[PDB]
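One letter stands for each residue in the lines below.
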Amino acid sequence: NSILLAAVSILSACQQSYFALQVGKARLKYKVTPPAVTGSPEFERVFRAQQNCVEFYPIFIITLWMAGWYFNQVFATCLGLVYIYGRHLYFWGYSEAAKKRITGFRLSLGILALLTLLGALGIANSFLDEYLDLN
Amino acid sequence: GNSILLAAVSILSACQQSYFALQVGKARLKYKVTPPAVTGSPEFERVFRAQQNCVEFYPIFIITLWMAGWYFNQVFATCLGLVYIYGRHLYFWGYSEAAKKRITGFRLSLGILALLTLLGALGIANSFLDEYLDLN
Amino acid sequence: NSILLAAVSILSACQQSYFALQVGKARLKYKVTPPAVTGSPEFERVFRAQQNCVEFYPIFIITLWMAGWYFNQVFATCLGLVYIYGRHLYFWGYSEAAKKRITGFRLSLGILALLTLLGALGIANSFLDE
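Chains as they are written, first to last, in the authors' numbering: chain A, 4 to 138; chain B, 3 to 138; chain C, 4 to 133.
If you are wondering where the hints come from, they were derived from the structure by calculation, not from laboratory data. Hints are not guaranteed to be accurate.
Stated by the list, open to error - Facing chain A, from chain B, some residues (calculated, C-beta under 10 angstroms):
{"hint": "1", "residue": "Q54"}
{"hint": "2", "residue": "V57"}
{"hint": "3", "residue": "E99"}
To be verified - Heads up, simulated SDA-like pairs for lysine to any residue below, C-alpha to C-alpha not over 25 angstroms straight-line:
{"hint": "4", "chain 1": "A", "residue 1": "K34", "chain 2": "B", "residue 2": "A39"}
{"hint": "5", "chain 1": "C", "residue 1": "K34", "chain 2": "B", "residue 2": "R109"}
{"hint": "6", "chain 1": "A", "residue 1": "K103", "chain 2": "B", "residue 2": "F78"}
{"hint": "7", "chain 1": "B", "residue 1": "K102", "chain 2": "C", "residue 2": "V40"}
{"hint": "8", "chain 1": "A", "residue 1": "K28", "chain 2": "C", "residue 2": "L92"}
{"hint": "9", "chain 1": "C", "residue 1": "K28", "chain 2": "B", "residue 2": "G96"}
{"hint": "10", "chain 1": "C", "residue 1": "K28", "chain 2": "C", "residue 2": "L7"}
{"hint": "11", "chain 1": "C", "residue 1": "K28", "chain 2": "C", "residue 2": "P38"}
{"hint": "12", "chain 1": "B", "residue 1": "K34", "chain 2": "A", "residue 2": "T41"}
{"hint": "13", "chain 1": "A", "residue 1": "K28", "chain 2": "A", "residue 2": "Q18"}
{"hint": "14", "chain 1": "B", "residue 1": "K103", "chain 2": "B", "residue 2": "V26"}
{"hint": "15", "chain 1": "C", "residue 1": "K34", "chain 2": "B", "residue 2": "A100"}
{"hint": "16", "chain 1": "B", "residue 1": "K28", "chain 2": "A", "residue 2": "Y21"}
{"hint": "17", "chain 1": "A", "residue 1": "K28", "chain 2": "C", "residue 2": "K28"}
{"hint": "18", "chain 1": "C", "residue 1": "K102", "chain 2": "A", "residue 2": "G89"}
{"hint": "19", "chain 1": "B", "residue 1": "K102", "chain 2": "B", "residue 2": "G42"}
Note that the Cβ used here is the ideal one computed from N, Cα and C, for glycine as well.
Could you put the whole structure together from the sequences, leaning on the hints where they help?
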């Protein structure tokens with residue numbers, strides 16, 4: 004009864020690990036020796052992109068589960084997949100040029116807002132179930 | 003279900019975190035910091051670092067929030083959760099004005115976090131001694 | 004029952020807060036004035052280590068719970084403990100020298116992939132009988 008949410012969650016976790024791998028590969032390709040994170044423009048775009056993704060990850064997960072638990076698992080699950088796609092655009096877009104990140108960024112933040120909305124409605128509706136009203 | 007209050011707080015805090023990210027985006031435009039760079043303007047640098055410290059601790063807050071709410075008391079955890087959200091509001095805007103103006107909101111939100119950790123640890127412990135060692 | 008998962012989760016959250024404390028201590032030891040995060044090489048090692056940990060934390064939590072819920076709580080719990088240990092090695096290793104991070108890094112990523120695997124099997128096996 005959370006099996007769909009669980010699946011999306013494992014998919015997104017693999018995406019985030021994939022992004023971390025690219026930064027590791029970029030460190031070798033452009034000779035950026037740890038702990039440094041600057042010194043090659045190509046590396047800096049890859050690093051910053053991965054950083055923005057990893058920052059937003061827990062926000063996506065919460066919003067995903069609250070929507071799926073309190074509104075509809077199937078609908079949240081589908082939005083979740085489109086979000087995973089949006090960041091795929093964002094990451095690879097940025098990596099090529101800072102201005103190519105904007106599509107994937109707008110898509111994934113649109114989805115996140117909708118998930119927030121659905122989660123808020125469902126939680127509200129669900130709160131009225133201890134006032135016995137179901138709208 | 004018996005997580006409805008936790009769920010509400012969680013959605014509120016997630017909105018706060020997205021709001022912080024928006025401010026960094028606005029600051030990038032106001033102080034002309036060309037991506038992927040995050041240095042150059044001191045005003046931008048304070049806003050960026052503040053949002054970074056918030057986003058780092060966010061998953062730690064969520065775990066501690068739910069463990070406290072699940073294994074100790076949902077209503078008590080829920081209330082602390084709201085005050086934490088407020089403390090982070092002070093921290094972020096405080097830091098944005100001056101590096102030393104962050105300290106109030108910092109102490110508040112980390113105090114709460116420690117208490118939530120405490121409650122979570124007790125409840126989990128009590129539940130563990132009741133479930134594998136038959137001691138409540 | 005999720006009491007074992009709950010315990011590991013609170014343990015790891017304490018580790019993460021501990022790492023953040025060390026960065027705070029490093030700011031004072033090497034005079035790195037906020038909001039700056041560069042200058043002292045040793046500080047940059049401590050900071051980057053804590054940053055790699057805090058990035059991967061939500062990934063560990065999700066995979067930990069999915070494995071524990073859909074595969075086995077006791078087995079996931081044990082792997083969870085080994086991950087916590089691997090991160091302990093990573094952090095302190097890296098703090099001394101970038102090349103001392105490698106052991107704790109391999110250990111913790113081994114665990115993470117297995118947790119992902121177990122979670123995926125359990126969810127699948129789970130979905131195979133509707």
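Hints, verified against the model:
1. Residue-level restraint check for B/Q54 holds (minimum Cβ-Cβ distance to chain A is 8 angstroms; threshold 10 angstroms).
2. Interface hint at B/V57: satisfied, since its Cβ lies 5 angstroms from the closest Cβ of chain A, which is below the 10 angstroms cut-off.
3. Annotation: B/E99 was flagged as interfacial toward chain A, and the flag is violated, the nearest CB pair being 23 angstroms apart, outside 10 angstroms.
4. With a CA separation close to 18 angstroms, the supplied pair A/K34 and B/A39 stays within the 25 angstroms bound.
5. In summary, the hint linking C/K34 to B/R109 is supported, as the alpha carbons are separated by about 22 angstroms, within the 25 angstroms threshold.
6. Between A/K103 and B/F78 the CA atoms are separated by roughly 46 angstroms; this puts the pair beyond 25 angstroms, and the hint is violated.
7. A C-alpha spacing of about 17 angstroms is found between B/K102 and C/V40, which places the hinted pair at or below 25 angstroms, so the restraint holds.
8. A threshold of 25 angstroms between alpha carbons decides the hint, and for A/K28 with C/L92 the separation of about 22 angstroms falls inside it, so the pair holds.
9. Using a Cα cut-off of 25 angstroms, the hinted pair C/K28 and B/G96 holds, with the two alpha carbons roughly 21 angstroms apart.
10. For the suggested pair C/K28 and C/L7, the alpha carbons sit about 32 angstroms apart, so the restraint of at most 25 angstroms is broken.
11. Among the hinted pairs, C/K28 with C/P38 is consistent with the structure: their alpha-carbon atoms are about 15 angstroms apart, no more than 25 angstroms.
12. A distance of roughly 19 angstroms separates the Cα atoms of B/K34 and A/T41; the hinted pair therefore holds under the 25 angstroms criterion.
13. Between A/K28 and A/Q18 the alpha-carbon distance is near 15 angstroms, which keeps this suggested pair within the 25 angstroms criterion.
14. Using a Cα cut-off of 25 angstroms, the hinted pair B/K103 and B/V26 holds, with the two alpha carbons roughly 18 angstroms apart.
15. Distance hint between C/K34 and B/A100 is fulfilled; the C-alpha atoms sit about 18 angstroms from each other, no more than 25 angstroms.
16. This hinted pair does not check out: B/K28 and A/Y21 have alpha carbons roughly 29 angstroms apart, beyond 25 angstroms.
17. Of the pairs offered as hints, the one joining A/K28 and C/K28 is violated, with about 31 angstroms between alpha carbons and a cut-off of 25 angstroms exceeded.
18. This hinted pair does not check out: C/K102 and A/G89 have alpha carbons roughly 35 angstroms apart, beyond 25 angstroms.
19. Between B/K102 and B/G42 the CA atoms are separated by roughly 20 angstroms; this keeps the pair inside 25 angstroms, and the hint holds.
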